[PDB]
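**Student:** Based on the provided sequences and hints, a complete structural model is requested.
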Amino acid sequence: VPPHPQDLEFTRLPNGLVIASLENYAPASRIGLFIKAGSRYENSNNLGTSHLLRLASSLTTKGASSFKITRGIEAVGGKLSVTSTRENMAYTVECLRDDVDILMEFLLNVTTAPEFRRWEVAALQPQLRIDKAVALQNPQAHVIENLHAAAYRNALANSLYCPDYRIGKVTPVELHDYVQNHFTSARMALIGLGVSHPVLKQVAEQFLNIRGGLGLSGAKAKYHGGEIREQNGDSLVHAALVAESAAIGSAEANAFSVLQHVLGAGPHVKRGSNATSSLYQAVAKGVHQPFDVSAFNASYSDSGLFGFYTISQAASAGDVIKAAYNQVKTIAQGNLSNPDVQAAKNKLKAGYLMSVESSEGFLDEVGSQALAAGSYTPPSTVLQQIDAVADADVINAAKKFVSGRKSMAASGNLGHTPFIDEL
Amino acid sequence: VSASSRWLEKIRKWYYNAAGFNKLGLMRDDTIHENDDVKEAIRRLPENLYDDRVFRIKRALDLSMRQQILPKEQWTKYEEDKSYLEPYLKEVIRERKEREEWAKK
Amino acid sequence: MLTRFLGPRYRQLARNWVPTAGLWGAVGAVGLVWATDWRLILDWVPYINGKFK
Amino acid sequence: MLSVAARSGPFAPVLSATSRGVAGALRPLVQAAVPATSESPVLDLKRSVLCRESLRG
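Chains as they are written, first to last, in this note's numbering: chain A, 1 to 423; chain B, 1 to 105; chain C, 1 to 53; chain D, 1 to 57.
Keep in mind that the hints are not guaranteed to be accurate.
Computed list of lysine to any residue pairs in SDA-like fashion (alpha-carbon distance at most 20 Å, straight line) [what the hints assert, rightly or not]:
| hint | chain 1 | residue 1 | chain 2 | residue 2 |
| --- | --- | --- | --- | --- |
| 1 | B | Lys-97 | A | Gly-63 |
| 2 | D | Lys-46 | A | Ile-420 |
| 3 | A | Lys-68 | D | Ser-19 |
| 4 | A | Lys-285 | D | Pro-35 |
| 5 | A | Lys-68 | A | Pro-27 |
| 6 | A | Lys-169 | B | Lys-97 |
| 7 | A | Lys-399 | A | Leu-353 |
| 8 | B | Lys-39 | A | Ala-133 |
| 9 | A | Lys-62 | B | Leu-89 |
| 10 | B | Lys-13 | B | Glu-73 |
| 11 | A | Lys-400 | A | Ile-420 |
| 12 | B | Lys-105 | A | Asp-99 |
| 13 | A | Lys-349 | D | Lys-46 |
| 14 | B | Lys-97 | C | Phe-5 |
| 15 | A | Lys-79 | D | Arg-52 |
| 16 | A | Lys-270 | D | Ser-40 |
| 17 | B | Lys-105 | A | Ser-66 |
| 18 | D | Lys-46 | A | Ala-133 |
| 19 | B | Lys-105 | C | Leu-13 |
| 20 | A | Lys-169 | B | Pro-46 |
| 21 | B | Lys-105 | A | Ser-359 |
Which residues of chain C face chain B? A few of them, derived with a C-beta cut under 7 Å, are [said to hold, decoys possible]:
| hint | residue |
| --- | --- |
| 22 | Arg-9 |
| 23 | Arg-11 |
| 24 | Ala-14 |
No lab work stands behind these hints, which were simulated from the structure alone. Each residue gets a CB set at the ideal place from its N, CA and C atoms; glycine is no exception.
**Tutor:** Printed below as a string of structure tokens:
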């Protein structure tokens, strides 16, 4: 006997806002306001605005000073977090059950009443350079910035970090502008864990009725292609090879997600040869030195990028890439067993379920589901979705990647790294 | 009519003229003693106002040296006295007092 | 200028420091008494009787 | 299955009041530190390694 688990409450308000709650009887509580306001809604005149914005979460509001937001949240031992992706910003707030009220209020002020004071913004500008420096010390961050800048001519080309030329150039007005035209009802979701539906619906009805900005989730990603190359010196070579795939939510994307597990995501066993990983086994056959390879799968509102990512020694780069690429080619040519897909299904299904088992991963999923779909789709039917993917679809996903206009980013000693041209 | 409130204002106008910073082209907020709250509010002023402030003080310290005042026409009129610092300093004290209140509990 | 120093934390801060501030006074007293030879205070001390008549 | 963390791939940054900043999804690593000689960019004007609001009784 545990408690019989409650059900998630869902509501679209007439104004377009979405509310989802689950009373999980947890000792803590989590509230997330998710907004369609990620990096993609920046333009060529205001790049990095949503970065500084992400950094601005405890500046002064009408109704709560900077010092209050900090000391108030710290007094009760809660958190205020902000997570941007290319599509969303997500303001998250954690605390003990008894303290939902003060943190909610803070939440609402940060998101709906930010004052962006001239001198406070001025003082925060240098955090962009530190924030960028701390991320960019993973070779993967620049590779995925560059991969996007090359893939798209457009909105998903924008990076989640602010371009250097913009640091200290983002104006208090640019952020006011970004909020007024992106942090609106129809671009928003208020998700609550360890909270009640009436209370969320109340604050939604009272505080989140904002509308007077943009409409489209698709200001529209024009996929283009090409490559970016960054000579580095840097110990070993990072390379991502990618083609346009499928928009999140569509049936096609699920085939891509299965393809990713046929070929290989991250490891499952601490220090292993990754036996089921068909990409890893393929490179390993003729590369007898330190390397890594994984399938890369990025899904967005109106586009997607599938392919693989490689880490290798400078001189092995081209061999590692060509081996990985040919391995994909064999799956497009038809060489894929039924148990191969069955294992990928199980790897995906299990992985998804594990992805939502904590309240942090749960809230983020319900949030991203609310924005991308306007729905909550239970695990039971997500697993049914996955099951409906046939072997022939996974083959068709590989066929699309092979024959589609590529995109490539890479960094290191590029001396022996190929050029799309030569793939 | 506001007969009392314009004599209680006329004493002020008298005092202002007697204070005589206006003779040296100054504004009331240019003459304030710089403590931490004031130093902060000077810091928070926008470029235009800060620049204008520096010039007035330079021109004041210049005359104060040559032991002069400006021609009468060029003095600051009590009416034309822009209280440009007050809202900045009000905000700094309001911020400090919140700290001092938080330090109490 | 003194209203900022009155509140519950300062009540705790004063109580936390008072056994110490009292013991430093005992140090200062014994210290002053011993140094000047305050036979007024020291006559009533059960071993220090240098005024041995 | 709509989340750029649940489709382990593209980048996500995280900022907070009390907690350290996080980056990204997947992307190799972890199966790149078993084939050794991967020391990683360590501490050259940098944040806290690991993050700590995981404290115990």
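**Student:** Each hint needs a verdict: does it hold in this structure or not?
**Tutor:** Verification of the supplied hints:
Proximity of B/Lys-97 to A/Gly-63 is assessed by CA-CA distance (about 16 Å); at most 20 Å being required, the pair is judged to hold. Taken as a hint, the D/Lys-46 and A/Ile-420 pair is broken in the structure, with Cα atoms around 35 Å apart against an allowance of 20 Å. Distance restraint check for A/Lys-68 and D/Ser-19: the Cα-Cα separation of roughly 17 Å lies within the 20 Å cut-off, and the hinted pair is therefore satisfied. Only pairs whose Cα atoms come within 20 Å are accepted, and A/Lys-285 paired with D/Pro-35 is accepted, the gap being roughly 15 Å.
The suggested pairing of A/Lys-68 with A/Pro-27 is violated, with an alpha-carbon distance near 25 Å, which exceeds 20 Å. The straight-line distance between the Cα atoms of A/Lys-169 and B/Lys-97 is roughly 32 Å, outside the 20 Å bound, and the hint therefore fails. Distance check on the hinted pair: A/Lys-399 and A/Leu-353 sit about 29 Å apart at the alpha-carbon level, beyond 20 Å; violated. For the hint linking B/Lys-39 to A/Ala-133, the alpha-carbon distance of about 33 Å lies beyond 20 Å, and the restraint is violated.
Restraint check for A/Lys-62 and B/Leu-89: satisfied, since their Cα atoms lie roughly 18 Å apart, inside the 20 Å limit. Distance hint between B/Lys-13 and B/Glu-73 is fulfilled; the C-alpha atoms sit about 16 Å from each other, no more than 20 Å. For the proposed pair A/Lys-400 and A/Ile-420, the alpha carbon gap of about 16 Å is at most 20 Å, so the pair holds. As the CA atoms of B/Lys-105 and A/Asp-99 are separated by approximately 18 Å, the hinted pair is consistent with the 20 Å bound.
For the suggested pair A/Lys-349 and D/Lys-46, the alpha carbons sit about 36 Å apart, so the restraint of at most 20 Å is broken. Restraint check: the Cα-Cα separation between B/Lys-97 and C/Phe-5 comes to about 12 Å, which is no more than 20 Å; the hinted pair holds. Between the alpha carbons of A/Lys-79 and D/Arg-52 the distance comes to roughly 13 Å, so the proposed pair stays at or under 20 Å and holds. Between the alpha carbons of A/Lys-270 and D/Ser-40 the distance comes to roughly 19 Å, so the proposed pair stays at or under 20 Å and holds.
Restraint check: the Cα-Cα separation between B/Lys-105 and A/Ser-66 comes to about 18 Å, which is no more than 20 Å; the hinted pair holds. The suggested pairing of D/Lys-46 with A/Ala-133 holds, with an alpha-carbon distance near 8 Å, which does not exceed 20 Å. Between B/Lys-105 and C/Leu-13 the CA atoms are separated by roughly 12 Å; this keeps the pair inside 20 Å, and the hint holds. Our distance criterion of 20 Å between C-alpha atoms is met by A/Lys-169 and B/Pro-46, whose separation comes to about 16 Å.
As the CA atoms of B/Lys-105 and A/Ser-359 are separated by approximately 33 Å, the hinted pair breaks the 20 Å bound. Residue-level restraint check for C/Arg-9 holds (minimum Cβ-Cβ distance to chain B is 6 Å; threshold 7 Å). About 10 Å separates the beta-carbon of C/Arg-11 from the nearest beta-carbon of chain B, more than 7 Å, and the hint is not met. Because the closest C-beta pair between C/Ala-14 and chain B is about 13 Å apart, greater than 7 Å, the hint is violated.
Violated hints, listed in ascending order, are 2, 5, 6, 7, 8, 13, 21, 23 and 24; each of the other numbered hints is respected by the structure.
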